[PDB]
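Starting off, we have a lone chain in the form solved without the ligand, written out as structure tokens.
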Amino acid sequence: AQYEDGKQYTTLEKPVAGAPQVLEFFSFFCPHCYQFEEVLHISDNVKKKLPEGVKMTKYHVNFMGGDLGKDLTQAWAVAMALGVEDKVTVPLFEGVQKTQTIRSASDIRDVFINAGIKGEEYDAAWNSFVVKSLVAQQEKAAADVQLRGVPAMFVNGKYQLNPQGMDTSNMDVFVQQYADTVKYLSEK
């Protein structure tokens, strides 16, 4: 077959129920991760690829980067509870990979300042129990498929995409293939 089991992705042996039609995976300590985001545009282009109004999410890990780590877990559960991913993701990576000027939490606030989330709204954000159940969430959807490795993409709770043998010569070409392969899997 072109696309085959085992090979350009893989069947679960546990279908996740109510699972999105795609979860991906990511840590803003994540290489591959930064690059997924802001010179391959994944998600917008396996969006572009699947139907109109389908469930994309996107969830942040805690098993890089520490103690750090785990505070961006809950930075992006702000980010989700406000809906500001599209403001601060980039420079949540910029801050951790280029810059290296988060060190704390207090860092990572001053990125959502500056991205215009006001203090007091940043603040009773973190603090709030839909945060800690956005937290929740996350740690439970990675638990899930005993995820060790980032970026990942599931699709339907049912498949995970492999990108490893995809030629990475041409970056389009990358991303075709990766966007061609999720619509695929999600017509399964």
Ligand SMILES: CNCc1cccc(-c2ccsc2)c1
Second form
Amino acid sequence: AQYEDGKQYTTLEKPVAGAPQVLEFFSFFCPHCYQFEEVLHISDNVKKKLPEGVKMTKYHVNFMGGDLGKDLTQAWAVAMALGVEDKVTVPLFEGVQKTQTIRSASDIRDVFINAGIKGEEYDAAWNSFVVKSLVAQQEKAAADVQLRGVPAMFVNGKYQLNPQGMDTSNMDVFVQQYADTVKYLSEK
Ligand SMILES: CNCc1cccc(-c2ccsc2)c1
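Structure of the form deposited with the ligand bound, given the form solved without the ligand:
Every chain and every other molecule in the complex is listed next, the one we just looked at coming first.
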């Protein structure tokens, strides 16, 4: 009774078939997601503790930030397609929430250019159907679980992380609790 359904995690009443093993959702507009990623480094510490053969997937969502939110989901598709997530995640979060210099799709593009992604490369990707397919994949995944809040993490389409059942007096402890819970669920 150390881990229990309803505490560190909840159980999906409609389990999602064929879902990624560990699926994280976020928005660059999401203040708690900024904390999760830039301050707590949740994705990294979770990934760091996944069993061998367990892949981690991270998807952007549309339902925050209106038009720009949709642009960001497309830009994240570009980031995934090019494999430059580790290059643009920080400046995208800071551009939206710290400096608030990201106000348009062009501003988003500037972040990729500054990170060394060539203009032609970004634009071809941005306009590609491979990227359209990746946008659709992100939307479908979020749709599969009736997603309406971020940050969120799901394990095997069956369990949903519940950070509200964790102590926050110490950041590092919270993070390891979160990561050990994901590991526990992935072995479940
Ligand atoms: C959805 N936000 C979850 C959460 C739960 C507990 C602590 C935090 C936190 C602690 C320092 S920054 C953000 C976030």
